Amino acid sequence: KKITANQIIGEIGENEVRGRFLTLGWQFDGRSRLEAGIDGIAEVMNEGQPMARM
Amino acid sequence: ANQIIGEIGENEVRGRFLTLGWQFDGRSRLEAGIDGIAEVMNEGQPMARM
Amino acid sequence: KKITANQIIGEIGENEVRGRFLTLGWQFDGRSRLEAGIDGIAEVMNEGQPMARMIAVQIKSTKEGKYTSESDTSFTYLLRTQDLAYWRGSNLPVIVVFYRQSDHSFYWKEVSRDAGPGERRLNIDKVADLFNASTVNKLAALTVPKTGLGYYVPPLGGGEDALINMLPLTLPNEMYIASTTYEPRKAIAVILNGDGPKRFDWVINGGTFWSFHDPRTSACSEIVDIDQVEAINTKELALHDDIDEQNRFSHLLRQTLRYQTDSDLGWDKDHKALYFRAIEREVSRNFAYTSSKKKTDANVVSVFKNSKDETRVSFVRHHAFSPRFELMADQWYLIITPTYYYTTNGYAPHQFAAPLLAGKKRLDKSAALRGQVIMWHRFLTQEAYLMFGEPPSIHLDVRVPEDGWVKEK
Amino acid sequence: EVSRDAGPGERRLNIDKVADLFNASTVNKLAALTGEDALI
Amino acid sequence: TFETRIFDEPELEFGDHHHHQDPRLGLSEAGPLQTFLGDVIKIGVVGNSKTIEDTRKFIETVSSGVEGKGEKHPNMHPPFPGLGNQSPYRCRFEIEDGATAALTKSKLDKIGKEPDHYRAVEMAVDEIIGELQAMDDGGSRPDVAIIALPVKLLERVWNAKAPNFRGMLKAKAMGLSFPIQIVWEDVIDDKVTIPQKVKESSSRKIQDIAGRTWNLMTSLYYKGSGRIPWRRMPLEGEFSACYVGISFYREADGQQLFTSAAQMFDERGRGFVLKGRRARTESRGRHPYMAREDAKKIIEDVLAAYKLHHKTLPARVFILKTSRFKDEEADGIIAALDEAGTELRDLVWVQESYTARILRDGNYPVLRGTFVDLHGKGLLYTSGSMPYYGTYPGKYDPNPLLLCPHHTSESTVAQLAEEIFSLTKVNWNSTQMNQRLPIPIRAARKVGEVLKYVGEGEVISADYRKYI
Amino acid sequence: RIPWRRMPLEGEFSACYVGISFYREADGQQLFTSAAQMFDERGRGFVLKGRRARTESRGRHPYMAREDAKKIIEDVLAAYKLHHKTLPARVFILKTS
Amino acid sequence: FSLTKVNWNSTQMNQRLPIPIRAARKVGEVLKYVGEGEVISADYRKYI
Amino acid sequence: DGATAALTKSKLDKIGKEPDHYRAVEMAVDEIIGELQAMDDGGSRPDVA
DNA sequence: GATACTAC
DNA sequence: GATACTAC
Ligand SMILES: [Mg+2]
Ligand SMILES: [Mg+2]
Ligand SMILES: [Mg+2]
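Residue numbers (the entry's author numbering), protein chains in the order written: chain V, 3 to 56; chain H, 7 to 56; chain U, 3 to 384, 398 to 424; chain R, 112 to 145, 161 to 166; chain B, 2 to 162, 179 to 485; chain F, 244 to 340; chain E, 438 to 485; chain Y, 98 to 146.
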């Protein structure tokens, strides 16, 4: 069961994008397995104030 | 505003784990105590050691 | 663009397994996209308190698929050799869960890695496992090491209703207190020598009949003047402060119960019990409850021959019980103490009876006691004044972890 | 690392730098456990 | 319906404030509560010329450590860690040479050829007491003595081929400087068996080699060192208390009944105090009930013993008795408490002969520590299916006990039941968890068996090591 | 609530602390006395109070009398028994004059 | 010497006087401006 | 947990035998007020008693 | 160019 | 022998 580096770099890129979204005061969330080539959803947030813009 | 810095710290710890590569996993909303469970991959061919 | 139903079925199965884990607590956690082998990690909770004990779980599901050798019990399944080794060099124990949507069925089984290679062929059953609230202690037993210096697991599962040995007694409307016709011991001899029906519904304490029945006929009014009848409310003596009235009412109740057997439940003296009587030499059966669960044969009287020859009789066993007639805060109660009795030629009191009683008391765990008290409640609850109630039920808070202990109590 | 092998526990972790950096330097160690005088 | 509760298993305080519920694991993990200042506990052996080397072989055998025979139940059968380095007592036991004595076969036959049953036991205890007293006044004084008995003796003192041997020897050894311990031959040598008086065509049985050693070494350490191994953990801010236990016994000449009492409390530092009294309390007839004056004197003595140590009077007094609190003996206690201004009081009768029981549908009985309020009384299950040993140790069904408070006690029955439940695993004689009776009742009963043979005008000590 | 307290030792006796000072009048020349009381709680706490009455005047010397010295001791001992249900084993008095 | 750092008015470590006399002086500082027949509180939070 | 006061049975027995009506009520309210005042001056002050 | 469903 | 996710 030898994994490849491809899944590693994909997970790393997703985590880094989530971290960059988090450090800007946004809200990013990933999807499941049945997703249709569509990754998670981001929400615009002010200083501790959600705006429900996705 | 401490929730955002806790989430940032957890994400950065997961990224540091994933950089060398150890298959870290987070937990749910009502977590109390242990924040995550990590594996040892050992340069591919992962082994169940948490 | 197009997605098959198989991944949908798998995702539904994983979600329902996660929900089944969550409905007992246990804080089930998901997994990333990089899974290989283990599908999830589950903690153990106790009423909201985490305990940091975790189990690895692999989830399998199906829709409309019939399992191999599907029957009531067999339920065989085949594993993979290459995946097993992944479960061999692991810290946490690994379990396998099977889910079916057609009958909404969950099952589980732990893979064994004791000393040798895996059997690769699971032979799970449906009576056990079944992934309900039961068998939750035997699942949680796979957290502690085999050495186990300390580190016990609290009794998961909450609440089970038990019962008590006590029986409420509803008293009749009236008694039949009468005039002074006292006799210390001849009061039993006059009815003993009489040709009328024999009754023991009376006691001589201060010159009174002390009867629940009408003293008009059936050989009851030959000792007392018939003109003296008294009955008002039974609110003067059964609910009265001093103790002499209480412990004479206890004897009145004991005599009333002693008369109302009519099965020749013979009264002994060394143990204060009613020790049955078989009319004919074989096993004498008794009450069957028939509560839509079982026929529940009683097999009360037992016959046992010698160790080598079936001709001579060794001993005959009967059931019995002892009453106490206790009380608190009105509503007099009855306490039942079950006991065994031994005879030799049917009608024989025996004289080496103590070792047999001790040896049988060494056996007969608490399930036999519960069954015997249920039998003795249902036997005599089928003329008047026998207004017995039901054994009161109390709801305990902690369930005894009987699941983690296999057998041979 | 929390010492999970002693008897009574011990608080007051003494975290020193360099030797306890969570980087590629320490990974196998992380995976190892699997009178004077005066006058008046 | 009825209101029911299930209490948790209480904790004990052993070692550096470390807490646990099993005495074995607590001692093996944190050591005793009060450590020995010295390093060596010296043991002397008195008996036959064959049992002395058996005792020595036992000591050097168990010094390295023995293993338990438990595979399915490992909490029930833990191994013995030894008597060195990894010791659970932080001390070493040594048999000093010159502190041992042997009984000649010339005089072990004269014991066996006496037609009367009385003088044989009398001369046996006189010989042992004389040897111990000769050992006392010299430079070979031990800390605790062992009286390991042969088999040929154990056909007259026990099998009688009729007074008691233990209750007379423990009464004649009250004036010595050290306690004594009695061991039979089977414990030290696992190749011999002893019959059981009547139906002699059998042999008595004992536990395995690892279960004996825990109790034996714990008792030896407590007897030799003098410091208690563990005590119950006190809770948070609570009023100071002094526990008194009262029981009765029968004199072994006739049918007269006597009374006994035991005191216990806490120390200003970290330590329990458990003791008796330096007096007897007469007979006053055959009844199992105490008078008024003796109860008042007992309460006064307990208060004085507390005030000598703490320099202040206590806040509450807790009294336990194996009898109903009559209306005459419940007034002397009130008067003696009101002469000192003690406010909170409690009086509880513990009854063991009760019939009511709780039944379950399974093959196992109820949990240990079940409480049901039966309209002002308490039904406590102090033995049951303990979920720490992994099973229910025993056969048939457990026996519960009833707690009945007096009408002048200011506490609900649930708090009193919990306090009684917390006072069970204080027995220093054994290291088992399934204990049924509270420590004050056990301590009041243990004094009486030794007080039975003391006599008139003799020395009575308040040390508990002369009775345990 | 109180932030910190002095750590007790092991084996001490129960004690209560009293402190006495003196102070002049508002504008005139008289001298009253003042007192404060202090002890330890049953659990994890501390008690530090003053009194509920004034101690009147007796002249211009910074010294108490035989009647004003008893009442402070009675109040201090009565405050302890309301909390610990028993008298203390030690009384500690501090003064400047 | 032990009863010096129990002053809740300050967080210093160089206190000179013990706590009871300091509390007595602090009470008497404000007890002199209370008129006759007025109320006196035993709470220490009204003096510190 | 610390803001709980229990009147002893001895005190309630003492106020059960005073044949003056006003006096017994006076001792009862004095006892309760003293307990409440001791609660007030301490560090376990509640919001409502 | 490797890992996850399920049916065959 | 059926449909999805990372990149080279
Ligand atoms: Mg799966
Ligand atoms: Mg002993
Ligand atoms: Mg200030």
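A portion of the hints provided could be inaccurate.
[Claimed, not checked] BS3-like, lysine-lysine: derived pairs with alpha carbons at most 30 Å apart:
hint : chain 1 : residue 1 : chain 2 : residue 2
1    : U       : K274      : B       : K412
2    : U       : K422      : B       : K222
3    : F       : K324      : Y       : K114
4    : V       : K3        : R       : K140
5    : B       : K343      : Y       : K108
6    : U       : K140      : B       : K70
7    : B       : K222      : U       : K363
8    : U       : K422      : B       : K412
9    : B       : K469      : B       : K314
10   : U       : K424      : B       : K412
[Unchecked claim] Derived Cβ-Cβ restraints for the label pairs, each shown as a range:
hint : chain 1 : residue 1 : chain 2 : residue 2 : range
11   : U       : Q9        : B       : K412      : 22 to 32 Å
12   : B       : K412      : V       : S34       : 49 to 59 Å
13   : E       : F438      : R       : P119      : 23 to 33 Å
14   : U       : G67       : V       : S34       : 22 to 32 Å
15   : F       : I316      : B       : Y306      : 42 to 52 Å
16   : U       : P407      : B       : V476      : 54 to 64 Å
17   : B       : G192      : Y       : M136      : 26 to 36 Å
18   : F       : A258      : B       : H74       : 50 to 60 Å
It should be emphasised that the hints constitute simulated quantities derived from the structure, not laboratory data. We put the CB at the ideal spot given by N, CA and C, even for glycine.
- [ ] Sort out which numbered hints this structure fails and list those numbers smallest first.
- [x] Hints 11 and 17 are the ones this structure does not satisfy, whereas the remaining hints hold.
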